[PDB]
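Asks: Spelled out from the first residue to the last, the chains are:
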Amino acid sequence: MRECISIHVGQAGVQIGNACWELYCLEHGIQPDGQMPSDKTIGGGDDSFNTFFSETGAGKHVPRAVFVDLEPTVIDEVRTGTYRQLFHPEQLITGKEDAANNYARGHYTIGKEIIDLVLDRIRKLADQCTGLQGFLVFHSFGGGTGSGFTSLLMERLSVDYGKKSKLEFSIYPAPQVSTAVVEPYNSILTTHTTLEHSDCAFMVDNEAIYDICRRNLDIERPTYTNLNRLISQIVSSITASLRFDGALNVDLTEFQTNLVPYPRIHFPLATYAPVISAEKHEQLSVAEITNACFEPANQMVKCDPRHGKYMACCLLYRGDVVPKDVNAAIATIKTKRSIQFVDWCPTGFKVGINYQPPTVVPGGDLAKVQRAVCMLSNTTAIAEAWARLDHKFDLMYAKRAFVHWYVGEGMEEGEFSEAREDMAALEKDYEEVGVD
Amino acid sequence: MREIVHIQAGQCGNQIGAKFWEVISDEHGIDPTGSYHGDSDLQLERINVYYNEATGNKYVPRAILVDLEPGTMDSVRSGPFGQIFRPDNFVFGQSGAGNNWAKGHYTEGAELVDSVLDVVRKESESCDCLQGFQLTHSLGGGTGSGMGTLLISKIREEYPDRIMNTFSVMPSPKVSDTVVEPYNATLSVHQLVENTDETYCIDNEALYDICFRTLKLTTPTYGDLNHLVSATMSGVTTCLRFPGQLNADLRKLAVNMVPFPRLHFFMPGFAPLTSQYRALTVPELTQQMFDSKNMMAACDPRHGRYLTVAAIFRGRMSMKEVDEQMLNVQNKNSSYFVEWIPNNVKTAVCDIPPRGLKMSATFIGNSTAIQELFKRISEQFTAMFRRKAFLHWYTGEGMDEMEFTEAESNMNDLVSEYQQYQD
Amino acid sequence: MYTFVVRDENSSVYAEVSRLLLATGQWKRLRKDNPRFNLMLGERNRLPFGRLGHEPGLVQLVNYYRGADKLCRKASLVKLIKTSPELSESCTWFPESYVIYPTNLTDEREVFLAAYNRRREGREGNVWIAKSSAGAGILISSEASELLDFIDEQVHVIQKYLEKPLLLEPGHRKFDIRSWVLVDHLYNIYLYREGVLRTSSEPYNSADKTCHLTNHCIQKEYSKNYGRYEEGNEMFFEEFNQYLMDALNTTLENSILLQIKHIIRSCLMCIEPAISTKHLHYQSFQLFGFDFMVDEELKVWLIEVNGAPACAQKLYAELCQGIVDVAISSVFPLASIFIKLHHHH
Amino acid sequence: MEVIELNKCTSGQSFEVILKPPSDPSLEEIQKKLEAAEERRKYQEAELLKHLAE
Ligand SMILES: Nc1nc2c(ncn2[C@@H]2O[C@H](COP(=O)(O)OP(=O)(O)OP(=O)(O)O)[C@@H](O)[C@H]2O)c(=O)[nH]1
Ligand SMILES: Nc1ncnc2c1ncn2[C@@H]1O[C@H](COP(=O)(O)OP(=O)(O)CP(=O)(O)O)[C@@H](O)[C@H]1O
Ligand SMILES: Nc1nc2c(ncn2[C@@H]2O[C@H](COP(=O)(O)OP(=O)(O)O)[C@@H](O)[C@H]2O)c(=O)[nH]1
Ligand SMILES: [Ca+2]
Ligand SMILES: [Ca+2]
Ligand SMILES: [Ca+2]
Ligand SMILES: [Mg+2]
Ligand SMILES: [Mg+2]
Ligand SMILES: [Mg+2]
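In order, the protein sequence lines correspond to chains H, A, W and V. Reading the first sequence from the start, the letters are residues 1 to 436 in our numbering. Reading the second sequence from the start, the letters are residues 1 to 423 in our numbering. Reading the third sequence from the start, the letters are residues 1 to 345 in our numbering. Reading the fourth sequence from the start, the letters are residues 1 to 54 in our numbering.
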């Protein structure tokens, strides 16, 4: 058994992390006070769920997580929340004044004064791990802390844990729920400095999650709570192999091996199905949910894979699914869908099935389903998200709009063009792989 | 608790500031004695932003009252909410400023500024996390204009890493006290350009027109004008005084609203403005919110372009419909929003409406059309300065004609800076 | 009050469409860089499809189908027909074609020569034609050596030249048929009722490319009989149908138009899965120009498909109005000249 | 077409289906950048105080 440490940075990271660990406890039968009745090995054990939970002598299962935010308001919710008993206070790190949606403020000015404290707390959880695989980092692109401080943390982690893998869960900015105009700046800045330090990053576009909540859950004006519930389901499907017995994606290294042949192109596209309103149902079959994995309306990032190429593809099923039905659905899909792989990669799918059906928070918006699937595909079409982000960056930076806020924090104007040039190179790489 | 320190200076600043504290005290359920008698926890959730808590569960406004004359502050102390202010926070002289910027900034104000800074230091020392300062004042007088900008300069020196915000009343010949107001306003504006992060430009010409043309007040008074300012000030600070996600603090507001450091002068708007029990639909609020007749700067928005816009909706209403209407306004009038700042319009909704209204909307716009306001002041300034008229009032306080020439050039530069971004 | 932007100033078809939209008083044109638009008349090359459908509260429509270039490129069309089971290499309405890459750069040089030798040995007609997508440069020869050497001198394509074309009388001249097809956001296939025949003004000689190429520009530049028979070497369906009845005792519908409609459906239905915007965050429509060849046996052959075609002068007003009616107003209603080719989605 | 590496356990099973064969900076450097940014802030603030002193 090898442990994983979860790091949640900023409001988006903390709130999403709070929803994920709530889902983890429900899936593993862990009560809010930390007691796990099904865990017969009291105070220890090397079970699959122990990769995410440590055990005390009193039987409490403590998540291997660190919560960091430059403002105390959001983390104070966890301190007095339903699962406040899970985390000891050392895991919750809060500042006083946040990054004010300013990458430079979160990276240089305020991050410099708290970076050592965060690492020391991380070191405490690392000392409890017999073998540490790496870290899972949750953050937003647009926030000052989520962008600026995450990039600083990623650099230090590569220094102190050079042999450990690092995976990202990143929230792509969407104007419908955005809180700052400079989010395109922070997104590109944090991507530039984190690109070499991340082995695999799962981007979630708030626009896609927002529309899925409206379209499929009949939510008129989705809130962060609605968005995070859906996001935690996708995250749970992705990390389920690390927490349950299985043979696919059993460790963080396998994610890079199965999804990332080219290190820079490490942004797999996530597609989830089915999303069913609890207020509403005809249960969908294996073929129907598998076919929905190729509908853009169900993707975490709105893009068209038909006009890109695939480098890898994993199917993660939860519920009543047998391999025979998966293969039959795949055969039909190939005869109706435009699925183009790169010539230097096999045209196939890695399939993982967990018999336990997806867990839903009681009283939530997602209805219980007999079977669900999350598809992780490394498609060049996801570069459309970079193109949108880069265009907005170009519009503002041409006039130097808002640049003085970053320069005032000690950042140099050249870093803007340095980061933009890196994004331009990244866009070029995607076009070479996916376009003839 | 991200505290804000409030300062009101001069006759106009204290009269408007007093009404403002009266308005927000009612919203937060604070009586004139400082006791809380509300019925919702949203009122007290961010009460610490503007109020200190004392013994006996009392709430004392974090406000400092400044004037070179005692008359107006004596009225405030004897006013409705006079007893709620901290007695030691009344800092006043006796000489006065004579509607003279030099007296407030150089001679009379200089003698009193240090004692004001002592009160500011005392208030700041007891802050867990100080956001910055907000100042209410007029630019046409001597104390608010002259001593107010001197206070800003010295506050910035002692607190360089804090946000400086002002509600600044712009003089107008329509509602005027002395002919030297263009002189005082021009001198103050340069100070604001350098030493403030956010300035809400409130034009007495616009306030009078709204009272006369819209509210149907044939003989508006200063009290009537201050009614609009109180309501506008309450609306613009709504995101600061109640839980929310957008523009919840001074620095985040500045980051969203100020693409260039010197272009930080905002046009405020309020809706509805009724001369009264009729319910107002969300589409009606949005149209009136963006209507020039509801603006407080007496500038035509169609004469320029919006760099950034902050919208605040208050009351119980369909947030889905609010998003639709806001998107409709931008899409139907996209030509008036600069395309090089994508998604430059941010909308916030607060459940608690203002007193007497089921719902309301507050508009904060950073428009290049504000240059019309500075052009008007510059023309009035030059009309007198070219003949050196009334300069002796200022040269008698030690000022030189060169300082007036520099102020004239600085404001013309500010007008030119707005012009380049409007094309 | 809908909004639209113009990003292709050289489009004669959509210049009229833009003019008609403004004439309705309900469409407002924006700057070409303004993102808050309902309709985009995008540019031909590198249209930013990835930035469409991401504007909240805006239904966005564009006048091109992403991925349609597979059907509107010389090399792409040949590859699509051979590799698509819906069309197969045994396609009967498409001339035998081969994609040949220049030697200075898969390729089908050896495959092309294998079929060429069979015709030479079999005494059959062995005349081929070479062309590319970078031309105004077309070579017609009966010797394979000249064709290959010419290409080496961009990617070209070689296909069998129809040595027995249908020749109009009087004149003994060659011609080609242009059909305009509109595909809306629902992927309905609308065929404009009015077609044109770009005829050659010189007698056909099977033993000079003036009488072999039906290009309007070539006929108006290298032909000395331009406009002799019909105005601008353009014969419309009304006249051509009358000629078929008088000369061959048949109608345009039965002899030719049925095959044309069949070919249009086969091509568009083949690529429907790859380009449909049925479940996409933005919607697409596009106007296509199909060029057909008719042999002496009244058999219709497909030459190429144009993604950005121009319309006949007399037909500009009617066709552009139809575009606004069924393609733009269908998605943005305001305050038939087409034939619907029904199919299975 | 081909199913390979079929692994079965109590909680589920996994496999692979193939349809077609194929055809860092050091801590010293990090601190230098952080300290360089902090120094630029001090220089900018010092100039402001110099301007206010005048
Ligand atoms: N999906 C989701 N997105 C969120 C959530 N909270 C914030 N965001 C997004 O994150 C972006 C803003 O970043 P934040 O995380 O709020 O900022 P921060 O990391 O706390 O950094 P600061 O500037 O110091 O506040 C916006 O685009 C929001 O849409 C959340 O709970 N769920
Ligand atoms: N295989 C073939 N058999 C007979 N004639 C052919 C032919 N290929 C081309 N042609 C002749 O050459 C002409 C021009 O060919 P092509 O369609 O490639 O030119 P182009 O691309 O310049 C026309 P447009 O762009 O206007 O559709 C045709 O109109 C036809 O007369
Ligand atoms: N809106 C408003 N404006 C005022 C009020 N009192 C004065 N003014 C304006 O302020 C300017 C005079 O400044 P004033 O505050 O009286 O001078 P000070 O006391 O020395 O700061 C003139 O342009 C007046 O129009 C008031 O109560 N409300
Ligand atoms: Ca155990
Ligand atoms: Ca590494
Ligand atoms: Ca004195
Ligand atoms: Mg935050
Ligand atoms: Mg006065
Ligand atoms: Mg052509």
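Because the hints were derived from the structure by calculation, they are not lab data. Any given hint might turn out to be false.
[Stated by the list, open to error] Derived DSSO-like pairs (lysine-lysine); straight-line CA-CA distance at most 30 Å:
no., chain 1, residue 1, chain 2, residue 2
1, V, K33, H, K112
2, V, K20, H, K112
3, H, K163, V, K32
4, H, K399, A, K375
5, H, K163, V, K33
[As the list claims (entries may be wrong)] Quick list of the computed label-pair ranges, beta carbon to beta carbon:
no., chain 1, residue 1, chain 2, residue 2, range
6, A, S275, H, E427, 53 to 59 Å
7, A, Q287, V, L19, 32 to 38 Å
8, V, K20, W, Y101, 20 to 26 Å
9, V, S11, H, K124, 28 to 34 Å
Cβ coordinates follow ideal geometry from the N, Cα and C atoms, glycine included.
Asks: Would you pick out the hints that fail for this structure and give their numbers low to high?
Replies: 2, 7
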